[PDB]
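Novice: Each chain, letter by letter, is given below.
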Amino acid sequence: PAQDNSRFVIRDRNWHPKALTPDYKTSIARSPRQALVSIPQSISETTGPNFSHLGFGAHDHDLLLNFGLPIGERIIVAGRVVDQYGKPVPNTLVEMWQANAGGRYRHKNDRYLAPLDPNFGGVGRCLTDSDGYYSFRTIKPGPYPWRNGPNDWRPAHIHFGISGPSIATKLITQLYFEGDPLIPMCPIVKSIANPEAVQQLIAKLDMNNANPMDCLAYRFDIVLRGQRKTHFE
Amino acid sequence: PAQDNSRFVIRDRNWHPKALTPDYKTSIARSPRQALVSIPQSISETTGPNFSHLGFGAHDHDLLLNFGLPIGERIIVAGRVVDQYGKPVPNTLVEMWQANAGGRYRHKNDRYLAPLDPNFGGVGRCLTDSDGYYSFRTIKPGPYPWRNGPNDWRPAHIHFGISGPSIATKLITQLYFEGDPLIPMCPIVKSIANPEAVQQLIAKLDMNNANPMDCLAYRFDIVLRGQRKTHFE
Amino acid sequence: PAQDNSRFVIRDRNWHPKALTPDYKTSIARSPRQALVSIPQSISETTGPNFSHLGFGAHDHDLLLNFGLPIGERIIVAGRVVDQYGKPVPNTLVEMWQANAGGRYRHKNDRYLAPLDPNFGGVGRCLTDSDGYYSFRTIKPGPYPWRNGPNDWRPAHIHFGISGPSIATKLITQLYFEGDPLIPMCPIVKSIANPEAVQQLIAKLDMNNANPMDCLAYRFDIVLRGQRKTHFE
Amino acid sequence: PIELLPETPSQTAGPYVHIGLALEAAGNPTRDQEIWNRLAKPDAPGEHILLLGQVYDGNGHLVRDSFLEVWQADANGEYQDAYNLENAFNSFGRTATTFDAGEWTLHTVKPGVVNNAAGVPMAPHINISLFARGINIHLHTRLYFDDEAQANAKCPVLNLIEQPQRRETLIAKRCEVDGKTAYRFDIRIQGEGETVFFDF
Amino acid sequence: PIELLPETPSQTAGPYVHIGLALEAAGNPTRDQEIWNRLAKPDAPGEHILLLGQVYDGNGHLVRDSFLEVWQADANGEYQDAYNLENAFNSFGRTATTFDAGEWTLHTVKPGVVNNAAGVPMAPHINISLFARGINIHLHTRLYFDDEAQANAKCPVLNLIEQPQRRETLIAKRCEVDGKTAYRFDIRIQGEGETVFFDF
Amino acid sequence: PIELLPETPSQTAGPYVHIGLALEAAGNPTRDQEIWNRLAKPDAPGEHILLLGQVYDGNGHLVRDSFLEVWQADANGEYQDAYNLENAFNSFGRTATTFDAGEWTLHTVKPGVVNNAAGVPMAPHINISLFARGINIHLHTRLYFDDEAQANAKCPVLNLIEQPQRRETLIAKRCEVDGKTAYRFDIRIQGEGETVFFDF
Amino acid sequence: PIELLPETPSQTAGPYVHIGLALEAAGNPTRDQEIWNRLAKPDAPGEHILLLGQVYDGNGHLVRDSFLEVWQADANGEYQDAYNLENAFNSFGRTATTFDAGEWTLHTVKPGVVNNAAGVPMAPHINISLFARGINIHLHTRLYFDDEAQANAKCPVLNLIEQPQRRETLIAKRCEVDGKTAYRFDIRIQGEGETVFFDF
Ligand SMILES: O=C(O)c1ccc(O)c(Cl)c1
Ligand SMILES: O=C(O)c1ccc(O)c(Cl)c1
Ligand SMILES: O=C(O)c1ccc(O)c(Cl)c1
Ligand SMILES: O=C(O)c1ccc(O)c(Cl)c1
Ligand SMILES: O=C(O)c1ccc(O)c(Cl)c1
Ligand SMILES: O=C(O)c1ccc(O)c(Cl)c1
Ligand SMILES: O=C(O)c1ccc(O)c(Cl)c1
Ligand SMILES: [Fe+3]
Ligand SMILES: [Fe+3]
Ligand SMILES: [Fe+3]
Ligand SMILES: [Fe+3]
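Protein chains in written order, with the working numbering: chain A, 3 to 235; chain B, 3 to 235; chain C, 3 to 235; chain D, 224 to 423; chain E, 224 to 423; chain F, 224 to 423; chain G, 224 to 423.
This is chain A alone, in the form it adopts within the complex:
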């Protein structure tokens, strides 16, 4: 079983979005009013699941084949998962979900008028390799309206889930695309008080990784909490 051998750099709660961010309407009723109770790290918090033995299907990471060809901009979304000390995070689980080219989600509750794409599911999973690299092949999602303010539109984005080495590292974020003008107007993006933090979520066009006459590529590196050995404990 798991061993309590590590300590994780404490999260910066001013870097991450606060719970209560009024402009994002839903945050009001869904944010605690009491302060979080800080607790020392124990085996309970410094361990987590290792997905090495999860039986992944052949196209788990290929949104182009995992559901005809979908309609939309063919892109590769790739990057590396590292910790705050810049150490690679190998064999870690990266999960993603997104809307189709029109901003329509293949989910019961999505009533947006953009039609579904018969050849698009919008789910992927990839286990980072030895070097913390992951890659997905998909179509760039379209922005979509949502019932926040009377004219709110989420920028095109991909939802990301990263496990990391423990439950303390586990994170859910969103990737945004370079130059998208919707970015600065989004109340959800704006839950993030520091502009520099916002930058970390923007995927950069990556011509170097594109397949000429095929698809473009975007680079999205992810940084998980720094992992250190315990000392003088």
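Hints listed in this document are in silico derivations from the structure and should not be mistaken for laboratory results. Cβ coordinates follow ideal geometry from the N, Cα and C atoms, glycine included. Just so you know, not all the hints are guaranteed correct.
[Claimed, not checked] In silico BS3-like links for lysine-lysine, alpha-carbon gap of 30 Å or less:
1. E:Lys-333 - E:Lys-264
2. A:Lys-89 - C:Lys-89
3. C:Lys-206 - B:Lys-192
4. C:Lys-231 - A:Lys-89
5. C:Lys-231 - F:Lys-377
6. A:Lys-20 - A:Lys-192
7. E:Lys-403 - E:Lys-377
8. C:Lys-192 - B:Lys-20
9. C:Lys-27 - B:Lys-20
10. B:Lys-206 - B:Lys-20
11. C:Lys-20 - B:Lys-20
12. A:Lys-89 - A:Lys-27
13. B:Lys-206 - A:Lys-206
14. F:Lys-377 - B:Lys-110
15. E:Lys-403 - E:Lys-264
16. F:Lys-403 - F:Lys-377
17. C:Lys-27 - B:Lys-192
18. D:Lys-333 - D:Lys-377
19. C:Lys-27 - A:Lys-206
20. B:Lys-206 - A:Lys-27
21. A:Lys-27 - G:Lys-377
22. G:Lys-377 - A:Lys-110
23. C:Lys-89 - A:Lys-206
24. D:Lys-333 - D:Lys-264
25. A:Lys-206 - B:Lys-192
26. B:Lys-192 - B:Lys-110
27. C:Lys-231 - A:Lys-206
28. B:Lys-206 - A:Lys-192
29. B:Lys-192 - C:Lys-20
30. A:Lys-231 - D:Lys-377
31. B:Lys-231 - E:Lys-377
[Unchecked claim] Some chain F residues flagged as far from chain E (calculated, every beta-carbon gap over 10 Å):
32. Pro-252
33. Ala-340
34. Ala-341
35. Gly-342
36. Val-343
37. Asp-409
[As the list claims (entries may be wrong)] Chain D residues, not near chain G, derived (Cβ > 12 Å throughout):
38. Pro-229
39. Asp-280
40. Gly-283
Could you slot chains B, C, D, E, F and G with the ligands onto chain A? The hints should help.
Specialist: Structure of chains B, C, D, E, F and G with the ligands alone, referenced to chain A:
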């Protein structure tokens, strides 16, 4: 019949792209080597077709209905046509064509692997109103690879053609989308020596014109050669 | 035999000098008029010779002994060969040639009045080590007059040839010396449009590597096209 | 001071989290292997239990789109990190609340005692991470059992909560469902009886 | 100096121009009303003629993706600007070159004489605007008739072309097609016999 | 967008390239092992052939200081990258143009067929890189054989050249030298019948 | 993006709003024509009703200085935008809370049904704008009728409110005042039973 009652401001050929712009490979063999011959404006040059009586279909300007619903980002592309003097250009013909959401054109010569959209044609036409306003309803086109350099990609764009009051004013151009990172990398865009000029081809996100929970809007104003009355001729 | 397992970042033809650079006289008649034809990479272009089994002489890389002692400034010229990704290029062929201290080449076609040095040849070769490092010991070449403009002089330079992992990476270039005033005046240097690219060709004085009371040293690193694994092809 | 690379910023899971993490829930076809709400196979050692709960917002309204992640020790108090559908017991699981009833379920075994860093035993507990639209950064909590009063009293973690009244918010209430041992653990995000959430 | 708003810069039509301006050519369904290559109906006054030509690049290779616009007076030397499919004659038309043969054709009447701004007569001519991939800004040219040599000689416009030899590049060669009066007007974008292009 | 370190910039090989890469040519003492123009040893399998040609500048003048590198598969269509003087066959060679005659020669075998990335067979060909004073960045080309018309017609590479007339520039003309099978491949850097140069 | 002129920013009306918009209330002489709380004249078609309510702050205290503006369709579901004291019915009115009791009143008719932009009928409702010191920007709300349960259930607007419990805050309770049909619509600016306020 038409009458010679106007002069048009001479074109700035340093502003418009030059004929020979070697990075756009095709321009090499398709550009004159001899200097253009300047000629005074006559009725031949200062007149042109008036399309007021063209019989336009109900959805000539609605790319969502003029060919199911197409898959892609629903947008309205609207703006005004004015001359250099800032005067509206009424009842002028505006035509447009573009690829689908994946960068695929509905043309026999397009072999790009992204599929066609069964519900999308990619052609529109609109006659400017009394105030020089035009509008189209469509889906945001996808960038696409082309055989220039080994890894060339046209930024998402919409081809436009504008008649204006004369043959002297007729123009063919391309609309690019605000923040597209591909823009600066394009040899075609780069046929334009002056960055200021490039800016004029960038459609801006127009939230004021969007239909909440429906579609976004882009604003693209067009400026045709200023038209003046002849004097002391 | 070789296998097509890699792709090479597309060359930036605006970074490299163009073919037609009128100030470099010879380029006028030796540059194509037609555009290059872009072709996808295949085993033909992504492979190349490996010189690991070439039988190099003991002083192949020592111009001080490979031909008395030559007259001129004793210098070691060393550096590393890496790709655009910063990965070292091990076991790659680095070949160099240059003039003597007087700027005289040991070639029939050189009729410059500066004398030949009885103990100086001007040729070196070195296979890079496991870390992509190479080194040469030679005398610093002198500038030389050439028939271009009426008073043209090549800055002191050493010619380099590097193989790299494929014919796609193979490159010929020239090393220049930090602070040389002729640099900015050379039409050959000037074939390079970007000042920043020029900087890449300047060997920097490296006191750390000099042999006290013996010889000085220059550091000259080389970056070849980034090499990546094929993906979703 | 020394500054490391900043950790990528969190973002709400959104309403459609199911599409990525709870396929069956999103009303979508699942893949061969899915990480779900059945941590233990019938033949797994320990006391087999059922966990269930509802998540309420600051208005006392059900949060029908919540996503939950669990991490617990086996019956021996051992954390089994090597996740495999073949295993009899997995330390990790996922669940979500029904869009109708708004209740999640988990099929597991009662965790064994685990010691903290200082060597003091913690009361049996299940670590929970709560995700949902409106939640910018996931909420961490712990589920303790009302039938471990003795152990709960000495929990070094439970004891870190200043106000005893708030400790009660983390105690799941034992019941029976179809003659089976169950525990109900409701989470109140905000207000009256607001559940304790941790930072670590 | 006084500076006005700058004109929107031109950009090449690209290889798919047909989709927007030559539907039939793109091999796509057309709309009720299309602006095409038949300027005159059978019952239009004037001498009915057929225009045809090929467009050549710098290498002497056919430009098969070219798009052309034309503007001419009617047989009475009048410019009919009110475009209408109902009209016997339209002063404006569109044509394109075949993807196969690479030849464009136009059905019209020989234009009457029009005076320049100074009140001097210009020889019968057709105003042409050439568009295609590789052409950043459209080329302007004029088509004159070989059978109007007297008029041609006095053309105030033709006369602006310094070199007599270049003037020849603008003269259409009268021929017969199915015993129909035709004129061949080949455009040579670059090199030997490079067609004179105008700026105005 | 993501930027990598920039590739070191090319520079012309200059007129004295021979001193570093064609010692014999520079009229200087060669070393024990030299990379030269004999890819095949007599006993190398495949059809032994002699390659020869001239290089012309834009004025139609011989380029007597050119330096060429060649890469080709063996008779079996295999790339032999492990360069060794002991090899019966080496996939890589070097040659240069005589300062007198201005002609280069190479001794090799006719290359076997190799498939492109898409799995389509390419016609037999030799990859060439041309270097010389006046050439800022080496030119890339391919040498195809006139006696493989069938194969040439299907080359996915050769088919990428738009104008069929340009494709001819890549075809070497079979001949005989002292009753030995030869192929002449002349390169026209610029102008009339300018050789096709690639970018990859 | 495109940015228009920014709208003039709102400011609280302050405690003396009455002097400007409710003269009588301020204890000041009124002018010839005043916009007040009597939308309908006795001879106006429709069901004559009396509306009354109280305004509560977050502490459960009456807001005795509130100012309200109403907009409603007539009995025929039509908006009478041409304001005139001579009219039997005006779609617009003004009211204010008494400094004593803190209750506002309005004399009108139950509005007819109107359709939303998508052509769906909305339940009969009165549009209310609330102003007062402490309120930086006026609060928008709608008053619905408890005796229009059926219509209410289907209102596309009422339906936009996620929580059904919240919908109830918009429903005025039918009552009788001196044997006359009245509806009580209390507004809770904050806390328990806080009234739904809109943005449009
Ligand atoms: O982060 C905040 O703004 C916050 C947190 C807790 C709390 O009770 C209040 Cl009123 C505000
Ligand atoms: O614009 C140019 O660069 C241009 C124009 C004409 C011409 O003959 C040449 Cl060589 C260049
Ligand atoms: O790079 C150049 O300037 C260039 C390239 C090709 C060509 O035909 C001409 Cl005229 C110029
Ligand atoms: O309604 C929400 O909170 C909502 C909708 C869409 C979306 O992508 C996100 Cl992250 C949130
Ligand atoms: O090949 C070309 O010239 C080409 C291709 C695509 C495109 O959009 C344009 Cl404008 C030109
Ligand atoms: O004449 C030339 O082109 C020349 C002469 C010397 C030299 O070093 C170079 Cl690179 C070129
Ligand atoms: O008490 C208040 O809120 C108050 C008093 C005066 C005044 O002008 C305003 Cl706007 C507000
Ligand atoms: Fe989303
Ligand atoms: Fe295009
Ligand atoms: Fe030199
Ligand atoms: Fe005041």
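Novice: Please go over all the hints and tell whether each is borne out by the structure.
Specialist: Going down the list of hints, with the structure as the test:
no.: 1; hint: E:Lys-333 - E:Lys-264; result: holds (13 Å)
no.: 2; hint: A:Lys-89 - C:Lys-89; result: holds (18 Å)
no.: 3; hint: C:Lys-206 - B:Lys-192; result: violated (35 Å)
no.: 4; hint: C:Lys-231 - A:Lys-89; result: holds (22 Å)
no.: 5; hint: C:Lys-231 - F:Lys-377; result: holds (28 Å)
no.: 6; hint: A:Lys-20 - A:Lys-192; result: holds (10 Å)
no.: 7; hint: E:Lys-403 - E:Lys-377; result: holds (28 Å)
no.: 8; hint: C:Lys-192 - B:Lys-20; result: holds (24 Å)
no.: 9; hint: C:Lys-27 - B:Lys-20; result: holds (25 Å)
no.: 10; hint: B:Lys-206 - B:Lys-20; result: holds (26 Å)
no.: 11; hint: C:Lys-20 - B:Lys-20; result: holds (19 Å)
no.: 12; hint: A:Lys-89 - A:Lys-27; result: violated (37 Å)
no.: 13; hint: B:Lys-206 - A:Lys-206; result: holds (21 Å)
no.: 14; hint: F:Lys-377 - B:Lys-110; result: holds (22 Å)
no.: 15; hint: E:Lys-403 - E:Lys-264; result: holds (15 Å)
no.: 16; hint: F:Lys-403 - F:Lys-377; result: holds (28 Å)
no.: 17; hint: C:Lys-27 - B:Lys-192; result: holds (27 Å)
no.: 18; hint: D:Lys-333 - D:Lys-377; result: holds (18 Å)
no.: 19; hint: C:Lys-27 - A:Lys-206; result: violated (41 Å)
no.: 20; hint: B:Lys-206 - A:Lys-27; result: holds (27 Å)
no.: 21; hint: A:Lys-27 - G:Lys-377; result: holds (25 Å)
no.: 22; hint: G:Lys-377 - A:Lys-110; result: holds (22 Å)
no.: 23; hint: C:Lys-89 - A:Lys-206; result: holds (22 Å)
no.: 24; hint: D:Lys-333 - D:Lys-264; result: holds (13 Å)
no.: 25; hint: A:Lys-206 - B:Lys-192; result: holds (21 Å)
no.: 26; hint: B:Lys-192 - B:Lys-110; result: holds (28 Å)
no.: 27; hint: C:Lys-231 - A:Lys-206; result: holds (20 Å)
no.: 28; hint: B:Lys-206 - A:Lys-192; result: holds (21 Å)
no.: 29; hint: B:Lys-192 - C:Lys-20; result: holds (17 Å)
no.: 30; hint: A:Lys-231 - D:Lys-377; result: holds (28 Å)
no.: 31; hint: B:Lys-231 - E:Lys-377; result: holds (28 Å)
no.: 32; hint: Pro-252; result: holds (47 Å)
no.: 33; hint: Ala-340; result: holds (25 Å)
no.: 34; hint: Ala-341; result: holds (23 Å)
no.: 35; hint: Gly-342; result: holds (28 Å)
no.: 36; hint: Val-343; result: holds (24 Å)
no.: 37; hint: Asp-409; result: holds (19 Å)
no.: 38; hint: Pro-229; result: holds (28 Å)
no.: 39; hint: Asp-280; result: violated (9 Å)
no.: 40; hint: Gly-283; result: violated (9 Å)
Hint violations for this structure: numbers 3, 12, 19, 39, 40, all remaining hints satisfied.
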